[PDB]
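K.L.:
In case you want the letters, here they are:
There are 2 protein chains.
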Amino acid sequence: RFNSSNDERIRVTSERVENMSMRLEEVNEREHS
Amino acid sequence: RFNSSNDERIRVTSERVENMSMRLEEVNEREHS
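Heads up: the protein sequence lines correspond to chains C and B, in order. Plus 1210 on top of the position in the first sequence (first one is 1) and you've got PDB author numbering. Plus 1210 on top of the position in the second sequence (first one is 1) and you've got PDB author numbering.
Among the hints, a few may not be true.
Said to hold, decoys possible - So the derived list for chain C, only partly shown, Cβ under 8 Å to chain B, looks like this:
(1) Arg1219
(2) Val1222
(3) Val1227
(4) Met1230
(5) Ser1231
(6) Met1232
(7) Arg1233
(8) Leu1234
(9) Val1237
(10) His1242
To be verified - Pair by pair, the computed Cβ-Cβ distance ranges are:
(11) B:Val1222 - C:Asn1229: 31 to 39 Å
(12) B:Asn1213 - C:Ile1220: 36 to 44 Å
(13) B:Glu1241 - C:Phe1212: 33 to 41 Å
(14) B:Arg1211 - C:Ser1214: 33 to 41 Å
(15) C:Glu1241 - B:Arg1221: 29 to 37 Å
(16) B:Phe1212 - C:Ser1224: 39 to 47 Å
(17) C:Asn1216 - B:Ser1243: 40 to 48 Å
Derived by calculation from the structure, the hints in this document are not laboratory data. Using N, Cα and C, we set each Cβ at its ideal position, and we do this for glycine too.
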């Protein structure tokens, strides 16, 4: 019941979005062509 | 009406974000240059 609450889902989504944004900026910065 | 609720949108967004994070980590791990 705790893991299915809206607040926990929002927090986890925000953290994963931040990590994905950092990783995507890292990937885009590494360009050779 | 069920598919447009906030809870369903949050759950679907969280699941898709998790899948995208896993896929992005898979892509970044596969680097050759």
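K.L.:
For each hint, tell me whether it holds in the structure or not.
P.N.:
Going through the hints against the structure:
no.: 1; hint: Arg1219; verdict: holds (5 Å)
no.: 2; hint: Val1222; verdict: holds (6 Å)
no.: 3; hint: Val1227; verdict: holds (6 Å)
no.: 4; hint: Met1230; verdict: holds (5 Å)
no.: 5; hint: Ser1231; verdict: violated (10 Å)
no.: 6; hint: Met1232; verdict: violated (11 Å)
no.: 7; hint: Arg1233; verdict: holds (6 Å)
no.: 8; hint: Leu1234; verdict: holds (7 Å)
no.: 9; hint: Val1237; verdict: holds (6 Å)
no.: 10; hint: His1242; verdict: holds (6 Å)
no.: 11; hint: B:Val1222 - C:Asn1229: 31 to 39 Å; verdict: violated (19 Å)
no.: 12; hint: B:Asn1213 - C:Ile1220: 36 to 44 Å; verdict: violated (19 Å)
no.: 13; hint: B:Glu1241 - C:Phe1212: 33 to 41 Å; verdict: holds (37 Å)
no.: 14; hint: B:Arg1211 - C:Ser1214: 33 to 41 Å; verdict: violated (20 Å)
no.: 15; hint: C:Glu1241 - B:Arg1221: 29 to 37 Å; verdict: holds (35 Å)
no.: 16; hint: B:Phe1212 - C:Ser1224: 39 to 47 Å; verdict: violated (25 Å)
no.: 17; hint: C:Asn1216 - B:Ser1243: 40 to 48 Å; verdict: holds (42 Å)
This entry does not satisfy hints 5, 6, 11, 12, 14, 16, going by the numbered hints stated previously.
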